[PDB]
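As structure tokens, one chain now follows by itself in the form deposited in one PDB entry.
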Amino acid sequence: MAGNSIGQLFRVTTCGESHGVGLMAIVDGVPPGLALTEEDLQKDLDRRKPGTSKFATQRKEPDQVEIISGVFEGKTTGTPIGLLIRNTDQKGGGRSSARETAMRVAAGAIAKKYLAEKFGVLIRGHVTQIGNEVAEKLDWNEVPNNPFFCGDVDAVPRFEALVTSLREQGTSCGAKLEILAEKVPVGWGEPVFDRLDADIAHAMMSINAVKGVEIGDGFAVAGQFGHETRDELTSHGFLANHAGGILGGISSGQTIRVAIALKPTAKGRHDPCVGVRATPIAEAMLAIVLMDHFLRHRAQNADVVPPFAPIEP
């Protein structure tokens, strides 16, 4: 069955079998005035498989999302937004689990686009590891350039070789993704039980191969020592973002760092690392949580008193 809803104020409620007739979502709480169209959503959808009709050799135009309510004349009305995908599962039956993820990613798209305009929040994820290959550096312009979402232009070949290797031998490997949210206003999160890190973990943990979630330095913290605050020299600065942007479960101000670990996954099926495909959904999940908490934080302000630096519309 299903626990098919997520969010208090930004709410996504869904349904649909991968083999069923179609897939649906109702998304509540998105304020009126947001330019929004189907294309905005597909573009994130189609990001899940980074091919055009290019990617799978003879693949069709993919199944397309349709906005059924909530948008008037290109803009959000501020009523509940309905999404539909009709499954053109072309007329033992298998199942492709990109259909099971669609509604999340279409909804996250809505929360991304809203948070980018309003705040310039930018939510982006990259695979740091596949099995025994690690990326060692980050270049945002590189992650779209290779089919692993890898920020390290020199590991891409090494990742590529490991994928080529596994394919040969009827195996598959684990993955670790990092997702970041930047330009996130301070103060979001709801201790005790709805800390921003908690909802994040909750949300990420809805993705299927996930075995862990961490925030900031995450697990390394186990081995660390409390050597961060009392004495400085003249130059130094302790913005290492050890907390990964959440402290006491409310946003810092700093970028938000979350990592997750996806496990290995069971004609030639080119399996081998389905985990990299989780990036756009991991990005989706984070957006959905931040939007929810945006709305909660606003609902708890009689009205605003900044603070806001030289302004950066």
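Residue numbers count along the first chain shown, from 1. Rigid core: the largest C-alpha set superposing within 1.5 Å between the two forms. First, how it differs from the form deposited in another entry.
- After superposing the rigid core, the Cα of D231 is displaced by 2 Å or more between these two forms.
- Relative to the superposed rigid core, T37 undergoes a CA displacement smaller than 2 Å between these two forms.
- After superposing the rigid core, the C-alpha of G253 moves by less than 2 Å between these two forms.
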The other form holds:
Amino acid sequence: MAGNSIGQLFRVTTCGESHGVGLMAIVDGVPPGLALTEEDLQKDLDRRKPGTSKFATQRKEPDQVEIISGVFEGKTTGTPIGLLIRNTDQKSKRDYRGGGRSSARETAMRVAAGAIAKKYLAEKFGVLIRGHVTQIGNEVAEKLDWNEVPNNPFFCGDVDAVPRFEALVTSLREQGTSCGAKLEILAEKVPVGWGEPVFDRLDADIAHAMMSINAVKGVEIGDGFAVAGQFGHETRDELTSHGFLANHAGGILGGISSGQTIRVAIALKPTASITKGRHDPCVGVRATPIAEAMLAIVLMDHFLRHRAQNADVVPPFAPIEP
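Moving from the form deposited in one PDB entry to the form deposited in another entry:
Shown next is a single chain and nothing more.
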């Protein structure tokens, strides 16, 4: 029925049914003094729906999230933050409808919450966390231009691939199939040092975090499964070589963050058409916004767990941006 909590010092606890009254989360351990309002959160929530009137037949409002506690005069107070989304199900106030869930909702509370972790890490450490689709069934995108990713509806970073992607889905929609997908999410500028071992390593906790996303059948950090093929060397005493900081570890070594960008990828499986018609076909490209929140949530928590461990902080000074 649930294991509705995730996180230890930055923890999120959620409740709520899609056929139910509303959704909710109580998010813990956010330092005081971070600027925060609904809109901050809603940009993250709405990103699950790419396009200014792209989809379906008619438009909805949609359904706005509210901060019930934990912020004062635009900034966090350090106390637990309450988040509410009163589901507006067409019935409030002999054939009036009901049955259950249309549930982008199952993801609302976590996305909203991540939006907070997300912001704090940008605000404080200048951490960028963004993801993008790299594969849709038999189509792959090989270039990455971040500016392009919000242009198309596949969260795709290769302008050349957007059409091939747009071609495929079009077919699958009217052919009636659905296909797998591969998303890569990156965390740029994560301070070295975060992650607790053996058991709660940053990767370990990221994997567990990402798997909470339905339909994922695989998580891999860095080079990932490619790794089984590879033959080992980082270091030998030699005259000429190709550098180490092409990440094979993807930002995490031995459980701890290394300071280099953190690269994660997830694989989502094909879904279903249950019965009018929206036919997904890859409804797994929508995961991206929420892939982003999971990574953020783990990241934020391990930040605190790491701060939690110290009297004063030893080097390094390095390029300082808040």
